[PDB]
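Peer 1: Each chain, written out:
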Amino acid sequence: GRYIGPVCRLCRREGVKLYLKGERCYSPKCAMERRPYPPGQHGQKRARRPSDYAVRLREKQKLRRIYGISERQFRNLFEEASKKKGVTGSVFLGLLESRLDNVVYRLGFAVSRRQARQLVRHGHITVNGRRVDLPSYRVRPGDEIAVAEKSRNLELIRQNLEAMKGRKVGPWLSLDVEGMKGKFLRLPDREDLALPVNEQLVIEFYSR
Amino acid sequence: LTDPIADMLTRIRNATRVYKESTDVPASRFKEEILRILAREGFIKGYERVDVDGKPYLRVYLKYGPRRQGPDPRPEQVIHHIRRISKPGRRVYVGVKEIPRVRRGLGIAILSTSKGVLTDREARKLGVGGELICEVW
Amino acid sequence: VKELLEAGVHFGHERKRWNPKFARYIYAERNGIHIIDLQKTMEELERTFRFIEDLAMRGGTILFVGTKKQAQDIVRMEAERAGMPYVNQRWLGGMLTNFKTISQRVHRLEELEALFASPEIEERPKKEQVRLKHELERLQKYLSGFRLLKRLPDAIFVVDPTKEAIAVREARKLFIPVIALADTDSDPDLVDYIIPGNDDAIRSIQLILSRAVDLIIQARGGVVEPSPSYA
Amino acid sequence: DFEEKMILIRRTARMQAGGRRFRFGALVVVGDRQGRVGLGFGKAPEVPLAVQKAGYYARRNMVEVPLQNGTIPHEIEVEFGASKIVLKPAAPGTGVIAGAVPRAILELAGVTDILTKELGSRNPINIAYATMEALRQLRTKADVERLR
RNA sequence: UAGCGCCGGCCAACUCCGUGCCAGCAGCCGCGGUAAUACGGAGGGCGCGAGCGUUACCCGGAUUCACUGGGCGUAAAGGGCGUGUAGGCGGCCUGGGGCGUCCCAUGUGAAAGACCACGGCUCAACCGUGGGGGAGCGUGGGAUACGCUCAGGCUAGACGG
RNA sequence: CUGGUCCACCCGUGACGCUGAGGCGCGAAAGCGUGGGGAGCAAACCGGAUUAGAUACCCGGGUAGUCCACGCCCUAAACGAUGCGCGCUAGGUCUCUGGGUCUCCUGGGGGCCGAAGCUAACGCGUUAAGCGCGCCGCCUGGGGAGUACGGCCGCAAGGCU
Ligand code: SF4
Ligand SMILES: [Mg+2]
Ligand SMILES: [Mg+2]
Ligand SMILES: [Mg+2]
Ligand SMILES: [Mg+2]
Ligand SMILES: [Mg+2]
Ligand SMILES: [Mg+2]
Ligand SMILES: [Mg+2]
Ligand SMILES: [Mg+2]
Ligand SMILES: [Mg+2]
Ligand SMILES: [Mg+2]
Ligand SMILES: [Mg+2]
Ligand SMILES: [Mg+2]
Ligand SMILES: [Mg+2]
Ligand SMILES: [Mg+2]
Ligand SMILES: [Mg+2]
Ligand SMILES: [Mg+2]
Ligand SMILES: [Mg+2]
Ligand SMILES: [Mg+2]
Ligand SMILES: [Mg+2]
Ligand SMILES: [Mg+2]
Ligand SMILES: [Mg+2]
Ligand SMILES: [Mg+2]
Ligand SMILES: [Mg+2]
Ligand SMILES: [Mg+2]
Ligand SMILES: [Mg+2]
Ligand SMILES: [Mg+2]
Ligand SMILES: [Mg+2]
Ligand SMILES: [Mg+2]
Ligand SMILES: [Mg+2]
Ligand SMILES: [Mg+2]
Ligand SMILES: [Mg+2]
Ligand SMILES: [Mg+2]
Ligand SMILES: [Mg+2]
Ligand SMILES: [Mg+2]
Ligand SMILES: [Mg+2]
Ligand SMILES: [Mg+2]
Ligand SMILES: [Mg+2]
Ligand SMILES: [Mg+2]
Ligand SMILES: [Mg+2]
Ligand SMILES: [Mg+2]
Ligand SMILES: [Mg+2]
Ligand SMILES: [Mg+2]
Ligand SMILES: [Mg+2]
Ligand SMILES: [Mg+2]
Ligand SMILES: [Mg+2]
Ligand SMILES: [Mg+2]
Ligand SMILES: [Mg+2]
Ligand SMILES: [Mg+2]
Ligand SMILES: [Mg+2]
Ligand SMILES: [Mg+2]
Ligand SMILES: [Mg+2]
Ligand SMILES: [Mg+2]
Ligand SMILES: [Mg+2]
Ligand SMILES: [Mg+2]
Ligand SMILES: [Mg+2]
Ligand SMILES: [Mg+2]
Ligand SMILES: [Mg+2]
Ligand SMILES: [Mg+2]
Ligand SMILES: [Mg+2]
Ligand SMILES: [Mg+2]
Ligand SMILES: [Mg+2]
Ligand SMILES: [Mg+2]
Ligand SMILES: [Mg+2]
Ligand SMILES: [Mg+2]
Ligand SMILES: [Mg+2]
Ligand SMILES: [Mg+2]
Ligand SMILES: [Mg+2]
Ligand SMILES: [Mg+2]
Ligand SMILES: [Mg+2]
Ligand SMILES: [Mg+2]
Ligand SMILES: [Mg+2]
Ligand SMILES: [Mg+2]
Ligand SMILES: [Mg+2]
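Chains as they are written, first to last, in the deposited numbering: chain 1d, 2 to 209; chain 1h, 2 to 138; chain 1b, 7 to 237; chain 1e, 5 to 152.
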């Protein structure tokens, strides 16, 4: 399946902060906050000139690892968007964010997509009323996403819920809080999320 | 001689490199009809039907770019390029849909047609095609 | 001031050692030697000078370039009239393309001017006198009136461009307008402002060079009439 | 100031009795990403010397690239002795698609969208030189209609 | 349940022992002869992920059979030289025909699939619905620049006095 | 006895043209057959020397062959390692042969340096290797190999493919 292994090693090797769990990634107990150098026996050694390839290799994994998606699942969409109209970048981006799990986390239902998926994969979520244990469902504009009424009685949801009431949600997002029923408004533009990514670099990558 | 057209074109391309105020060619209504295009688009200055020791000609009056500094001050060419397309060795024929657009729109291709010589654009406007005479810029 | 009577001073020469690019500036060659169409000769004069004065009334510099034994001497005249840089002897390569380092060879000269200006130890072993003094007379031979050029010229002037294609080359690269006189043999095109006339008849050399300077002073502050002139 | 990029560096060699004394070459470009770029070639008895020397040239041999939207105006095709370079107009979503040498050269020129291809002696040196004057030969509707 | 490939360059990923042109890896250039980032093991790391690798074969890179789109002085390639059949090709001007050639209309060009839109299995893969074209050739009409054909002139190629 | 070729006059025919897979003919030397011829020279051969050896380089002899006639043989560094025709693109100096008006101008060949341009460089450059059009031959890593097989040619050695 997805990754599911040691994760901090991601942020480190990348040299950037990926808030892959939730709270700690903000805490001063973080790795990059403590050890922002490569994992393994050779982290603190002077890095050397990465290759033009190696570079383009990064941005990918960085993004790819950000959502924890199989390489394949990350070819399709970018074969999707690339064969999709207009600027392949924005589309693929919107194609990625359009995943349930993500949006679920983007809707502050869980600190990590990792949680998002599980709650998603555990069907605790719903959409337009319908229940969806499908962490790969490409949610489209006009979709009503509702927590499982059967799981509205859970406390974790509310602890993440509570820490959301008036929290700032994406322009292409709402969050009728309490009702545990958000909503997915539109497809974003690059300027809608300033990810630590240079998407074109990933374009250059599969251009091989 | 095989193809006067390329020869015509060739004569031009041969002088433009040496920067001739003009040059000559044996005459033919077709060669002229061509040349007709080649000033209305602005690559030449125009032609006049001259006449050499008894024989007709077409002294073409040549247009070039401005003097320049650097070490190579020689004036850039108007007709950067001019090469034959359809030939006696390989006659080349196009339908209106398959009519190329020279150098993204900066050049043209002279076309012989049932409705007179045209440019890559004039044909598409008139909705026809024909024997691609040449492409030039 | 262009006169016109010049016809009795140079009116061209040089055999079939000509240059094909020069024919538009020739009417014939009745004496087995090309003939310069003094008409267009004016037309360039009427065009070239229009460039000269302009630089003058603008404050730019002009560098004179003439190394023939013919024009060996006239150079130091009309130049020093105009009081501007000049290159009488050898044309030191890179004299423009490599200015920053050429020029740095004049401080050595000016410096020797300081020292040899006197004391600061004449207690230097006699071997060191004569030798520098010699090292000075050389530095002086070549640099005398290019020591004047403390920055890159806004243009230059040339007697024999084919002779000074070296000179001609470095400017053409540096975008320094190049004006000069030439006869048959030289390559026009290579010139920026042209005085197609004889390049060995001092008599004709002085004519141009002299009058050229006149439009310097005539635009460079004041006026004067006669100048030197060996018969 | 501008932005510098090192396409290549190589150690040459000269034969003298008692050994083969060396010398390094530096391929260095430089661009603002707004119409201007430069490519000199550096040589110096040691690595960083040549790089810096090159940059001095790289900024003494410039050219003005009439970009449009991130691509170029017209598809250019130039041979440098043996190396032949192909430059084609691309659209926004595209993204530069060229070898390192051209890419490195084209990228600092600001181009976001271009189709390319090296042919023949794709020696990075010559492929570069030809790459430049390919740009040194790009033109505009204005430049066109100007001459006409 | 976590397994596999890889870590000298290409090509992302490093050190330690054993060994000592031996036992070995190898797709190419090449690794090893007592300080191996190149074998083996281990630590660690890189990439995918119920997959991972290898072999085989096809296209790609191969612009290396080159119509797009290559080339023959010395790198492989001008026939030893001529004459001449078939064939390919063919200078200026006028007219007829309308073969190539071009335009429009029109019938066929089944459906499946490919491509865009959307709809059902909780997604996707899969499948359904509608939409949107062509080349190619059959039928009718038209235009005549270039190619061709039939006819009439000319003299700038050739032949001749 | 005969061919090709050039210049002038600009008299005649009026595109009659270029190229040319096949085919055909020519094809230096050596070599073959038949019949002559045979001074000089000269493969093999003998001898004398140099060498460690010297079936060679140098020397003394010397047979075919080199010469003529008629037949074959058809290869080569048969080279400009550059196919043929035409048109376009600065010139300078030398030389062959023509025509003029005789300073010089113009045609056709033979060399040289060089405009731009080409070219991987050395180099070419109105005798292109430059910009072009037509047609033929030809190349597709090295060796194996111009070998094997088959077919054709040949008296044979051997040639072509
Ligand atoms: S945010 Fe911090 S704690 Fe979280 S995965 Fe990244 S480095 Fe580790
Ligand atoms: Mg796209
Ligand atoms: Mg691809
Ligand atoms: Mg074609
Ligand atoms: Mg002179
Ligand atoms: Mg250089
Ligand atoms: Mg190659
Ligand atoms: Mg290579
Ligand atoms: Mg411009
Ligand atoms: Mg692997
Ligand atoms: Mg390995
Ligand atoms: Mg190593
Ligand atoms: Mg890989
Ligand atoms: Mg590496
Ligand atoms: Mg292994
Ligand atoms: Mg090797
Ligand atoms: Mg060891
Ligand atoms: Mg799977
Ligand atoms: Mg293959
Ligand atoms: Mg590729
Ligand atoms: Mg291809
Ligand atoms: Mg090739
Ligand atoms: Mg060879
Ligand atoms: Mg030959
Ligand atoms: Mg025939
Ligand atoms: Mg015809
Ligand atoms: Mg007709
Ligand atoms: Mg027809
Ligand atoms: Mg169908
Ligand atoms: Mg659906
Ligand atoms: Mg369908
Ligand atoms: Mg289609
Ligand atoms: Mg159809
Ligand atoms: Mg029809
Ligand atoms: Mg007709
Ligand atoms: Mg025919
Ligand atoms: Mg007729
Ligand atoms: Mg004639
Ligand atoms: Mg004749
Ligand atoms: Mg007559
Ligand atoms: Mg008649
Ligand atoms: Mg023939
Ligand atoms: Mg023979
Ligand atoms: Mg013989
Ligand atoms: Mg016998
Ligand atoms: Mg016998
Ligand atoms: Mg006998
Ligand atoms: Mg005898
Ligand atoms: Mg003997
Ligand atoms: Mg013995
Ligand atoms: Mg003996
Ligand atoms: Mg012996
Ligand atoms: Mg004897
Ligand atoms: Mg015999
Ligand atoms: Mg015998
Ligand atoms: Mg014999
Ligand atoms: Mg015999
Ligand atoms: Mg033969
Ligand atoms: Mg010879
Ligand atoms: Mg010859
Ligand atoms: Mg040969
Ligand atoms: Mg050829
Ligand atoms: Mg005579
Ligand atoms: Mg001659
Ligand atoms: Mg030469
Ligand atoms: Mg040159
Ligand atoms: Mg070429
Ligand atoms: Mg000749
Ligand atoms: Mg032939
Ligand atoms: Mg082989
Ligand atoms: Mg072989
Ligand atoms: Mg043989
Ligand atoms: Mg046999
Ligand atoms: Mg044989």
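In short, the hints are calculated from the structure, not lab data.
The reader is advised that the hints may include incorrect statements.
27 angstroms max Cα-Cα, derived DSS-like pairs, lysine-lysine [unchecked claim]:
id: 1; chain 1: 1e; residue 1: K9; chain 2: 1d; residue 2: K46
id: 2; chain 1: 1d; residue 1: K182; chain 2: 1d; residue 2: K166
id: 3; chain 1: 1d; residue 1: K85; chain 2: 1e; residue 2: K57
id: 4; chain 1: 1b; residue 1: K106; chain 2: 1e; residue 2: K92
id: 5; chain 1: 1b; residue 1: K106; chain 2: 1e; residue 2: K47
id: 6; chain 1: 1d; residue 1: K86; chain 2: 1e; residue 2: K92
id: 7; chain 1: 1d; residue 1: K85; chain 2: 1e; residue 2: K9
id: 8; chain 1: 1e; residue 1: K121; chain 2: 1d; residue 2: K86
id: 9; chain 1: 1d; residue 1: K182; chain 2: 1d; residue 2: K22
id: 10; chain 1: 1d; residue 1: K86; chain 2: 1d; residue 2: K184
id: 11; chain 1: 1d; residue 1: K151; chain 2: 1d; residue 2: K184
Peer 1: Run every hint past the structure and note whether it holds.
Peer 2: Tested hints:
Straight-line distance between C-alpha atoms of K9 (chain 1e) and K46 (chain 1d) comes to about 24 angstroms, which keeps the hinted pair within the 27 angstroms bound. Proposed proximity of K182 (chain 1d) and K166 (chain 1d) is supported: the alpha carbons are some 12 angstroms apart, at most 27 angstroms. A threshold of 27 angstroms between alpha carbons decides the hint, and for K85 (chain 1d) with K57 (chain 1e) the separation of about 46 angstroms lies outside it, so the pair is violated. Between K106 (chain 1b) and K92 (chain 1e) the alpha-carbon distance is near 42 angstroms, which puts this suggested pair outside the 27 angstroms criterion.
For the given pair, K106 (chain 1b) sits about 21 angstroms from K47 (chain 1e) by alpha-carbon distance, which is consistent with the 27 angstroms threshold. Between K86 (chain 1d) and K92 (chain 1e) the CA atoms are separated by roughly 20 angstroms; this keeps the pair inside 27 angstroms, and the hint holds. At roughly 33 angstroms between alpha-carbon atoms, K85 (chain 1d) and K9 (chain 1e) are farther apart than 27 angstroms, so this suggested pair is violated. The hinted pair formed by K121 (chain 1e) and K86 (chain 1d) meets the criterion: a straight-line CA distance of about 24 angstroms does not exceed 27 angstroms.
With a C-alpha separation of about 23 angstroms, the suggested pair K182 (chain 1d) and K22 (chain 1d) falls inside the 27 angstroms cut-off, and the hint holds. Pair hint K86 (chain 1d) plus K184 (chain 1d) holds up; C-alpha atoms about 26 angstroms apart against a cutoff of 27 angstroms. Proposed proximity of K151 (chain 1d) and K184 (chain 1d) is supported: the alpha carbons are some 19 angstroms apart, at most 27 angstroms.
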